[PDB]
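Chemist: What follows is each chain in one-letter form.
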Amino acid sequence: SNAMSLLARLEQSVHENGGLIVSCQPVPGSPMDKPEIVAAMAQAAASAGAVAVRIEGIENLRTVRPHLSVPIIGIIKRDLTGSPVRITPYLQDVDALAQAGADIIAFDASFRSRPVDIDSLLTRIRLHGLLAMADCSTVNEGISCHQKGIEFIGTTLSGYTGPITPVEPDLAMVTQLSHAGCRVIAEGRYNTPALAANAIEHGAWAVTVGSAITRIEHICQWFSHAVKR
Amino acid sequence: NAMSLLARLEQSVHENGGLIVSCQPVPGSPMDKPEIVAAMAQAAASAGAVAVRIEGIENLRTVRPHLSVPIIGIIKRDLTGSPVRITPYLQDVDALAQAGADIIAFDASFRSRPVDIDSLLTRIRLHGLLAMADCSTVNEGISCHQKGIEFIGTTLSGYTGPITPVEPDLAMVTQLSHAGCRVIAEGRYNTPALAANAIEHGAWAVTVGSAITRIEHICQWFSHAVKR
Ligand SMILES: [Cl-]
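From first to last, the protein sequence lines stand for chains A and B. If you're matching positions, the first sequence starts at -2 in PDB author numbering and goes up one per residue. If you're matching positions, the second sequence starts at -1 in PDB author numbering and goes up one per residue.
Since the hints were derived computationally from the structure, they do not count as laboratory data. Some hints here could point you the wrong way.
Chain B is nowhere near these chain A residues, computed Cβ spacing over 10 Å in every case [claimed, not checked]:
{"id": "1", "residue": "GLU8"}
{"id": "2", "residue": "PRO81"}
{"id": "3", "residue": "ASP116"}
{"id": "4", "residue": "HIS199"}
{"id": "5", "residue": "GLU214"}
Cβ-Cβ distance ranges computed for the label pairs, FRET-style [to be verified]:
{"id": "6", "chain 1": "B", "residue 1": "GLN9", "chain 2": "A", "residue 2": "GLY26", "range": "24 to 30 Å"}
{"id": "7", "chain 1": "B", "residue 1": "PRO163", "chain 2": "A", "residue 2": "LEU88", "range": "51 to 57 Å"}
{"id": "8", "chain 1": "A", "residue 1": "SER66", "chain 2": "B", "residue 2": "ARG6", "range": "45 to 51 Å"}
Quick list of in silico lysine-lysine cross-link-like pairs, DSBU-like style, CA-CA up to 30 Å [stated by the list, open to error]:
{"id": "9", "chain 1": "B", "residue 1": "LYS74", "chain 2": "A", "residue 2": "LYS31"}
{"id": "10", "chain 1": "B", "residue 1": "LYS74", "chain 2": "B", "residue 2": "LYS145"}
{"id": "11", "chain 1": "B", "residue 1": "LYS74", "chain 2": "B", "residue 2": "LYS31"}
{"id": "12", "chain 1": "A", "residue 1": "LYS74", "chain 2": "B", "residue 2": "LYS145"}
{"id": "13", "chain 1": "A", "residue 1": "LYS74", "chain 2": "A", "residue 2": "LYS31"}
{"id": "14", "chain 1": "A", "residue 1": "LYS74", "chain 2": "A", "residue 2": "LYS145"}
{"id": "15", "chain 1": "A", "residue 1": "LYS31", "chain 2": "B", "residue 2": "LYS145"}
A virtual CB, placed ideally from N, CA and C, is assigned to each residue, including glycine.
Modelling step: build the complete structure from the supplied sequences, incorporating the hints.
Modeler: Here it is, written out as structure tokens:
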């Protein structure tokens, strides 16, 4: 299938080029938050080592797609009244992402109150013949998604569903999931090359880096903080 | 005037910390468009940058109207027939001034060059703008300090020979700082920890470029790390 051949080509690409995935999500409402600029970042990253990119939003994805040759992991972020889930919560979101050219669809796979169950989101992804990525927050969530046959298990939500976000990335989750057979994408707070290397060392198949590459305001804050005395 | 700008900039550095962001994407990059350079400068200014460094007239004109912080302007050349690249001509000074630069930076190295350093500085002063000396050695920085140049950068240290050191030139920061220079540490300050070190070494401010505005460079650093 096109999905299996894409996975094979991505596995080859990670093996030959290194497992770097770049999330092209500027701060929303930022000067940088324009679809053409999102497109430019994605092209720049893909020219310089990114084996794939993550893109949020239909307008961004439609602008990016025609000018990008690597796989795109697509998400939609919503804010819901009754549920804390934001990442690709609806079947309609899956449909739109598929129609706009996502190669892989990522979605919140946490054990939290939500409008559509995980199995239904996954079925809808499979209906479009696309690969699925589970954005997880705990080992148990990751294992549960692995059991369903989901191709990519992300640590994306670890630290974003509990009481506080740790400073360091969740390397223990990477370690435990990868050694349980998951194809792990380490994601969340991998904001130095050393940390990204650390994820690979702990079993991650690839690492997604976001802020350190595509959020100028955040990078500036890091430096600004360092220089004040 | 120029003194009002320096005082304002002194205040902003004290209150926010001395971070200057150089907005220079890889030439030819998808990011290398004046509207994108302008967006990067605005983004940086909203998030801690007390000033930005912009290269090129097209970029500067596009950036200027939408930016409230000072702009350090340069024009980088390849074809002067000398090793000097940073703002080598009097007409470059004229064009940067006309385009809205607040501070003009220029190569202040003791190398062959079409225009002498005194003439460039005089040209900067004629436009009533502040000057910044991009220097490669302590001796170059002291010389420019004695001319009364407001900002002394370590910008060119490691960039005049075939070998570029991995670590930033922190010794040069200390030595110039001890000589009474208002030192702008510039060159290879690509981690927050290194920027902090420059301040501890006596830097007034640190200019960061690649780690903030060169996506291809940042990607390479991460790609090299994950590769194996
Ligand atoms: Cl030239």
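Chemist: Determine for every hint whether it applies to the structure shown.
Modeler: Quick rundown of the hints versus the structure:
No Cβ of chain B approaches the Cβ of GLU8/A within 10 Å, the least distance being about 15 Å, so the stated non-interface status holds. The Cβ of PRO81/A sits about 27 Å from the closest Cβ of chain B, beyond the 10 Å cut-off, so the non-interface label holds. Every CB of chain B lies more than 10 Å from the CB of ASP116/A, the least distance being 32 Å, so the non-interface label holds. With a minimum CB-CB distance of about 12 Å to chain B, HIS199/A clears the 10 Å threshold, and the non-interface call stands.
Separation of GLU214/A from chain B is inadequate, the least Cβ-Cβ distance of about 4 Å not exceeding the 10 Å criterion. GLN9/B and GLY26/A have their C-beta atoms about 28 Å apart, which keeps the hinted 24 to 30 Å range intact. The given range of 51 to 57 Å is respected by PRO163/B and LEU88/A, whose C-beta atoms sit roughly 56 Å from each other. Remark: the range hint 45 to 51 Å for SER66/A to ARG6/B is upheld by a beta-carbon distance near 47 Å.
A C-alpha spacing of about 28 Å is found between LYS74/B and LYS31/A, which places the hinted pair at or below 30 Å, so the restraint holds. Of the supplied pair hints, the one linking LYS74/B and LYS145/B holds, its CA atoms being roughly 23 Å apart against a limit of 30 Å. For the suggested pair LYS74/B and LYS31/B, the alpha carbons sit about 16 Å apart, so the restraint of at most 30 Å is met. For the hint pairing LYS74/A with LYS145/B, the CA-to-CA distance comes to about 56 Å; that exceeds 30 Å, so the pair is violated.
As the CA atoms of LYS74/A and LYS31/A are separated by approximately 16 Å, the hinted pair is consistent with the 30 Å bound. Of the pairs offered as hints, the one joining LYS74/A and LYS145/A holds, with about 23 Å between alpha carbons and a cut-off of 30 Å not exceeded. With a CA separation close to 45 Å, the supplied pair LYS31/A and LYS145/B exceeds the 30 Å bound.
Of the numbered hints given earlier, the model fails hints 5, 12 and 15; all others are met.
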